[PDB]
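Keeping the supplied structure of chain A fixed, place chains A' and A'' with the ligands upon it in accordance with the hints.
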Amino acid sequence: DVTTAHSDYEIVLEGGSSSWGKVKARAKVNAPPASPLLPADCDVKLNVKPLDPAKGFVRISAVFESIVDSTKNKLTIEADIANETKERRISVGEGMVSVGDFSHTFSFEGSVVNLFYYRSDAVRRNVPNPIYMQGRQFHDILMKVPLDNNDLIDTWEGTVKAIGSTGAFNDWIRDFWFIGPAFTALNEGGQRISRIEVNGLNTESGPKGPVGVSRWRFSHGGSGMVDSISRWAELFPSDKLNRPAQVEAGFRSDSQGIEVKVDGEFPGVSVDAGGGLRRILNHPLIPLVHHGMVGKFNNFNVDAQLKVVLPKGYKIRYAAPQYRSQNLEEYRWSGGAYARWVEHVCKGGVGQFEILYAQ
Amino acid sequence: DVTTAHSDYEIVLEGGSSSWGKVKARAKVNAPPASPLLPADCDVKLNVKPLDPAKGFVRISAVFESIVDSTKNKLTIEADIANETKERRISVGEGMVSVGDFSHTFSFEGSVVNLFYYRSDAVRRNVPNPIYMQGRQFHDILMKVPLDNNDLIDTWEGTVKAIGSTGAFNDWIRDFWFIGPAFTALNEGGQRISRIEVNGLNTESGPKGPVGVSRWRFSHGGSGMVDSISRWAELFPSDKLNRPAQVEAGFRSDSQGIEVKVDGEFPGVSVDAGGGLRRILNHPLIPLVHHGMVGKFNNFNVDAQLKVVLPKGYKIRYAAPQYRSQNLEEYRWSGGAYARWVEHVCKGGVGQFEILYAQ
Amino acid sequence: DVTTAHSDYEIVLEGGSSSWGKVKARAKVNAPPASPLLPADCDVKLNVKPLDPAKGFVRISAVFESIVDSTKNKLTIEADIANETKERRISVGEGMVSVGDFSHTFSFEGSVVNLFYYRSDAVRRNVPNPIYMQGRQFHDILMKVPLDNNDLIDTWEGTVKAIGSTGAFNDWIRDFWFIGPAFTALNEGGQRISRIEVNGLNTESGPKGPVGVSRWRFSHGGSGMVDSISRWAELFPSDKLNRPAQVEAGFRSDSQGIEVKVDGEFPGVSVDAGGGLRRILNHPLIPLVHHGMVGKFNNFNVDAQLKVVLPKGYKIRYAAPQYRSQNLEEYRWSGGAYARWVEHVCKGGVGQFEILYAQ
Ligand code: BCL
Ligand code: BCL
Ligand code: BCL
Ligand code: BCL
Ligand code: BCL
Ligand code: BCL
Ligand SMILES: [Mg+2]
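Protein chains in written order, with the authors' numbering: chain A, 8 to 366; chain A', 8 to 366; chain A'', 8 to 366. A prime marks a further copy of an entry chain.
By construction, these hints were calculated from the structure, which means they are not laboratory data.
Be careful, since some hints might not be right.
Copies of the same chain look alike in the list, so a pair counts if it fits in one copy or across any two.
[What the hints assert, rightly or not] Calculated pairs, DMTMM-like style, for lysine to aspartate or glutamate (alpha carbon to alpha carbon, straight line, at most 25 Å):
1. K35 / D8
2. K215 / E101
3. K56 / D178
4. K151 / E91
5. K79 / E361
6. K314 / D8
Just chain A, with the same shape it has in the complex:
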């Protein structure tokens, strides 16, 4: 037996200053996942449609479905979201969660204010492609859940009794919130979750059955690698959504290994690089930092290939690890310095791999 990682990644780019792209991925490794419960199979579906361009609103949906050991899980969430200002963004929404025989629903309203610690022009003009951006991000959340199970009233009253009876509740809550190795992953990425504030508890804010209502804030700090904070605008290109976008991702896994597929189509794949050039967006760092926590437990060979198809007439002007071949606007990366880049990022490395291209 030998442990090999087989992957194929594909990127097909829309033309113009359309930043749109199709992304496809297939991956196979015969190594165990680091889930203490297995088998672990999961499918995710994300869609997003322009709702009101002019007020900036987008309607986004997410369906998470999985089976763990044997337990069937489901979570959906659909929400309306828009930029109010450069740092203030707002949301109203709804969803449901389910695990085996249990389900509940929920609705919410939420604001999020993203603040960079500094905004120097001596930085702006001297660093062409900046990466690290330190900042802190402020969530303000109104959420409601119908209390229609009796598990829900039990957890409600357990919590209501926990608050007010403890006082280190907005501190210790993080122990519960960031379950398992999620806790550890906070510091791995230079991420800090502040203590919460509870600004109220209401019963019953909804005429149907009893409804449990939470008014709470938290804050999260990042030292620079946290894409949520560092890449606040970019990660939400409402402005480029001229039509509905979508991604389907899935994995199957067990003691024998991991299989994953990805298919999607969405803006943000390429960005203006300055100077008539464009690039594939900078690799977000959290995916690589957090997968790093699992990627080092078995030695593997890399059988990996990337294909990039540029729009018609476009040429690559520069590529970090260089490509192996080209055939009109199709470029392919395989072995050599690219296989070493793939080994590197799978294990936690964030070494830059850059592709700039122009007509």
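Quick look at chains A' and A'' with the ligands alone, frame taken from chain A:
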């Protein structure tokens, strides 16, 4: 030179709902330990006897002996311990420490209260084999040490003067307490040690010589992987100790490598799995998480084998990584997906490897 | 393609209880750095001269020059520094920073008080070569920067407005201060940076242009591996600087790999070991702990050799990983247990490799 890990693990299971088992292990790797002082040789002996079944009391002993670089160390501790309630457990005890020419003794009384943050029945019934359990655990400690060296009065007065003269003492103490990489290992496992409280300092609580007396509390939180908090009941099967149990473990190590042997016999090895099945208990996560911090520094081949001997007539119904062979109730795991599991766990992975069996 | 690490390290030792030595290193690996911006090329120059032996003063200089992606960076700092007491040390100094079209200058005065949490004699006498030393270190800093750009007045007023307007400023500042993975590296090494105090803000403390003036303190704790705290005296051998010392180090790097050279000459290389023996100083732990965070992302072979040249007549009495050869006072380590030690330390291991020698 090539770096190989040679190991053999053996598990012989007592019948019935006896959860008792014999555990044996031998391990060899020709890679250096990550101790900044070497050679590093250590032997540990643990025993435990039923003292008063009816009041739940157990008498447990531990002897740690080591030699580091050249320094001879010894620590023993024997204590009486029992479950008072489901979360409150109590202890009274004594021991000694020694390093070269230095020794001191000590006696103690201690309570520990283990609290889960939540207890939902929607979880209980829908997840057959749950792993992550978030909680917090409260130590309340009366300890006494005879001040019979003058190193002991020096450390006493140094400490007495440190307290009261500092005020961030119950915070900074963690810097001293979790020496070296032990500090780091706290966050690795989703573990938090809260600040201490000091509830008094007494002289001299003992008629013989002067006696230094500390009344202090601390708290520790875990996000789910902390077996101490997550597996509170299980890790202390007083109820299954119908006779004295024991474990002898040892390692020899240096710049040339690591050798380890383990022999023991104790309850808790198998558990009822529900449905007439039993399993080997879930792998505790802290051993794997903390050994992970050292297991990634040299590449190695795996020459590893597990033998499980079931009681007479019992069959394995399921095994994660499957076994290679069987001969009556002896099952053996070697190479393939098992060697990959062993590589994985030695390096920090916690991928589930499950064995369920029944008559 | 195969990934190999090629290195050569050389140590030439001055005789007597001169602790002086020449250190040379060359390293090559064809693996990518974990910098999200590449190419990344950097040169560093450190010098140090006795200024006033009798008052213990040393004059030290540092020049950091780099190019990242395409951005040209420079930082120099020269300072006068001396031991006042065993734990209090003082500094006065100056420098400049520059990035592209931007530069500023600065002058400073600073004290640093290094405190060990404990000083037991039962430790001192029983552990011949102690490593872990827990402690905390207190910086007290007066710094001034001419406000001669308008980027500098902009950052000044932005900061002045940030202080006083926020209140969790001396907490959140760490998010900004420890940019990127630097934050994470704090906990990796058992290192804690406390909140700051701001003891004043002054304008304009300098007759020329406007001058921004900061009076601030911070504290840092280490659990034992932090060489700054654990090896406070040793890391600053002012007493052994009978002449000017120096080190030139440099690396070139990109998607293709990493190249590094080092040349220097300075005291502190060997230490009295007790018993007529001397050793190469204990490996500092932070270099190895922090490089560990990058060293595990690509598999590699080791083609490494260490040469040690002892002074004339000196013999090695003991070496951890043993040497392969000797020719008069030249000793060479290659392959076997040494290549495994090199793999180990490059990946984060701190396993002791010891060399003791005497006449
Ligand atoms: C995830 C890392 C950050 C974070 C990320 C930020 C960011 C960034 C945003 C929010 C915003 C939201 N966050 Mg938040 N926030 C986090 C912590 C949480 C927690 C929690 C209990 O821990 C809560 C309650 C909230 C909830 C809030 C809401 C008030 C708000 C809208 C959520 C939503 O519409 O769902 C989203 C629906 C999903 C479940 C999809 C999630 C999948 C994401 C993570 C992956 C994106 C896929 C991308 C790579 C592919 C795009 C293609 C698709 C076709 C679109 N956040 C952590 C600390 N938060 C949004 C906002 O500003 O609204 C005001 C927003 O832009
Ligand atoms: C280790 C991880 C947790 C923790 C684990 C918990 C748990 C769980 C328990 C205690 C309990 C105790 N803890 Mg505690 N507690 C920790 C921190 C410490 C520290 C410290 C200075 O940091 C202190 C003072 C205390 C001390 C206290 C005592 C008041 C009490 C009884 C100790 C004892 O009898 O020794 C024990 C004797 C030894 C030295 C043996 C230790 C070896 C252990 C760790 C390995 C078990 C071996 C097992 C795999 C094999 C079993 C076979 C044998 C034949 C039995 N804990 C950390 C944070 N603590 C017990 C209690 O509740 O009493 C009231 C208890 O069940
Ligand atoms: C680096 C890890 C520690 C730390 C290390 C300690 C130690 C130890 C010392 C100081 C001291 C100083 N620290 Mg400090 N301190 C740190 C955080 C910082 C920060 C910050 C903004 O984070 C600040 C403002 C300060 C600044 C201060 C100054 C007040 C003071 C003198 C600095 C100096 O002359 O530069 C130094 C010039 C350079 C830029 C060179 C730096 C390169 C170093 C790190 C490598 C040494 C090379 C060695 C291996 C080779 C020697 C050969 C040469 C020929 C000499 N420290 C962190 C937490 N600090 C000194 C003091 O006590 O003065 C009162 C001192 O001895
Ligand atoms: C509340 C969640 C936020 C969200 C938070 C984030 C965060 C965080 C990130 C992005 C990132 C991206 N987002 Mg966004 N962003 C939002 C939704 C917007 C909308 C929109 C108009 O609604 C669009 C089109 C996009 C699209 C963009 C892309 C520019 C970028 C993905 C680059 C890529 O090649 O992915 C490649 C596609 C894949 C390889 C993965 C596809 C797999 C699917 C399943 C994603 C699942 C994520 C998984 C880890 C689950 C986390 C969910 C939680 C558990 C709930 N975002 C919503 C509002 N987005 C990433 C980025 O690079 O930004 C700089 C990034 O880190
Ligand atoms: C105060 C310490 C606690 C203790 C705390 C813990 C903790 C924590 C754990 C256990 C675990 C176990 N404990 Mg207990 N538990 C206590 C004592 C009880 C008693 C008893 C009746 O006295 C018994 C019989 C057991 C036995 C049980 C087993 C169910 C389980 C081991 C499974 C195994 O296959 O190990 C296999 C045997 C080995 C592979 C190792 C044998 C090696 C010896 C030397 C153990 C040394 C540990 C080492 C890391 C040193 C730490 C000591 C500190 C530095 C002081 N415990 C005492 C009261 N126990 C583990 C578990 O899986 O629980 C879910 C676990 O994490
Ligand atoms: C303010 C900074 C401090 C400094 C802080 C430290 C720290 C911290 C350490 C040392 C270490 C050393 N210091 Mg000192 N020390 C100071 C300056 C003194 C002076 C002096 C008389 O001025 C001298 C001669 C020395 C020399 C000594 C040596 C005993 C020892 C290096 C052993 C070695 O073989 O290196 C081998 C040489 C190399 C392999 C590396 C040479 C490369 C150059 C470029 C160093 C760059 C470091 C790099 C990581 C950049 C960090 C700088 C910041 C970003 C600003 N120090 C100043 C006052 N020094 C190390 C040690 O082992 O101590 C126990 C150590 O960890
Ligand atoms: Mg880590």
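> Of the numbered hints stated previously, which ones are contradicted by the structure, given in increasing order?
Replying inline: 3
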